[PDB]
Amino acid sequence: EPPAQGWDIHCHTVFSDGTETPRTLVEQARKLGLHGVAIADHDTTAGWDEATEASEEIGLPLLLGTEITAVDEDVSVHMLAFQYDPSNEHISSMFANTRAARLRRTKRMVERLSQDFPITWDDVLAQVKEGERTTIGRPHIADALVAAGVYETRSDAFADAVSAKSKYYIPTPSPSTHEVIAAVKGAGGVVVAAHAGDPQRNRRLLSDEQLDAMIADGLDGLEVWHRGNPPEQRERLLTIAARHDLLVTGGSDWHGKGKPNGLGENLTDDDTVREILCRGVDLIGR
């Protein structure tokens, strides 16, 4: 029931916490036989112009997107926002605020970690690959610790020092899921709850009631085909999707080398991508 062919609509680049350029994403997605790809960087549209250029030169269809961190009660929620107006003032202000809060938080973490680990702010910035256009975050601390030889992989770092459980962890303030959904729809976009079945990060998943309230706010779909969603959660989420007539998406959550996730390991079917395009803004020329 996971699509054998289609689009990988959940991919990160150097403009957030992936290791590759938008050109590299488009190039590779084409070579892997994908029907298309989405850019889905954290709290930004910075890679959209590079992604679009690459899509036209390489000839691979492209969905323009963003992964937005949100919160709902105690639950941390990630939302994929596709095909919205990137000059929408409200959504740009919100990304700006989120980015600023996450920068302050990351510097406070590095300052704490620096007391115990061979890590400096410059070491973190050496991991930020697009300068002021990169959404800086936890993965850049993890990479700095890998580069300093504290951990083998970024995964190891998240299991320990950079972990939500550790004494160095500071949480980032995030807008509510209701604020994000209203903002994305306002900007003419399509909003999907990303990996809502994934019990890493959270002590608990979103409930049916939280999801119902997100559907009433304007939620368009659920990412079902994702490695973090176990089988029982995929059936739960497919049931909710069928019931409320929601879109069902999939994606690799590729971060290039920064994660084990493989480009195209999970996909959205062509017909669902059709629906995303038709609901979203016509961005041809912008």
Given for the second form:
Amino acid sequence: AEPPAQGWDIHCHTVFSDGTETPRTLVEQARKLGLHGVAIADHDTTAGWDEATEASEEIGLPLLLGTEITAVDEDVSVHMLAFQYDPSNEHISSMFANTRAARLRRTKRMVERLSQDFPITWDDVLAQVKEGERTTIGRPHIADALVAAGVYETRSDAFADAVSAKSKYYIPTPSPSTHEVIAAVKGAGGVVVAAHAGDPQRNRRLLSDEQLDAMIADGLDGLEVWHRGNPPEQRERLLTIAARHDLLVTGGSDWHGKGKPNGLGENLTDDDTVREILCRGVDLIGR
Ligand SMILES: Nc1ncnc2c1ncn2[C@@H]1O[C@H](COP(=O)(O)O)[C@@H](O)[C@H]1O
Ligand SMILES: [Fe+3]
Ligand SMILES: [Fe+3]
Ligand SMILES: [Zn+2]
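Moving on from the form solved without adenosine monophosphate, please list the structure of the form solved in complex with adenosine monophosphate.
What follows is the entire complex, opening with the chain shown before.
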């Protein structure tokens, strides 16, 4: 297989987490770029769903409703994309609330340490959280505060240094397991995809085939293959696993607006695969 030349970008972040733009801007731009549709996929939240739906309806661009869920498997950080699930589901709702509170707590303790050595305060970080309580907070907002304070040129510079996972300031966020996340997403009627699973900058080691097999047995629907973080060998490895188990194969930009170099639409999911996501997920039309 090859990355599709046309289709949907199903991996896009907004101000409701670590992106710089609104759901409306995402939809408007996705249409302008000739995309067939888009998804919102903010971290550990559905807070931008109503805004995204409204935009989609006003601008006339099909939308997938999604969330990027922070998770862990043994010692491996794993991000799970969850699409078209019941947002009022009590298990998934409380798991997100817990992750957001754990994130808040962690990110505050990181800023407390960073402020000993850098000119940043909790309020400078809060200034970078664009939707307030409705924004899922994390390291990008710290990086942004350090750029607003003049310590680094870009958000990516900050991550190369003080905000890096290697640094003495770093704290990990307590996260649910991939087995729990998959059960919750399937419980809520959704479709679950392992995000950029071949990406080494994320982890000391990638998920192994055995860990992927156990997630497939849990109900994993798919693998994000077309992503700038997956090198060629890993794309072939993941495509093979997907072919062997009949998994869906997705692509997306991981756009965060000005927060990353990733271009909206730079990788895509084909129309057939989006069809299938929609058919497997919950009918949210009306809700
Ligand atoms: N410019 C950037 N460089 C590195 N990571 C970024 C950037 N913008 C957003 N992120 C995200 O920051 C997240 C880590 O934050 P956290 O989950 O709070 O540890 C990773 O999922 C990221 O890819
Ligand atoms: Fe991710
Ligand atoms: Fe992402
Ligand atoms: Zn992000």
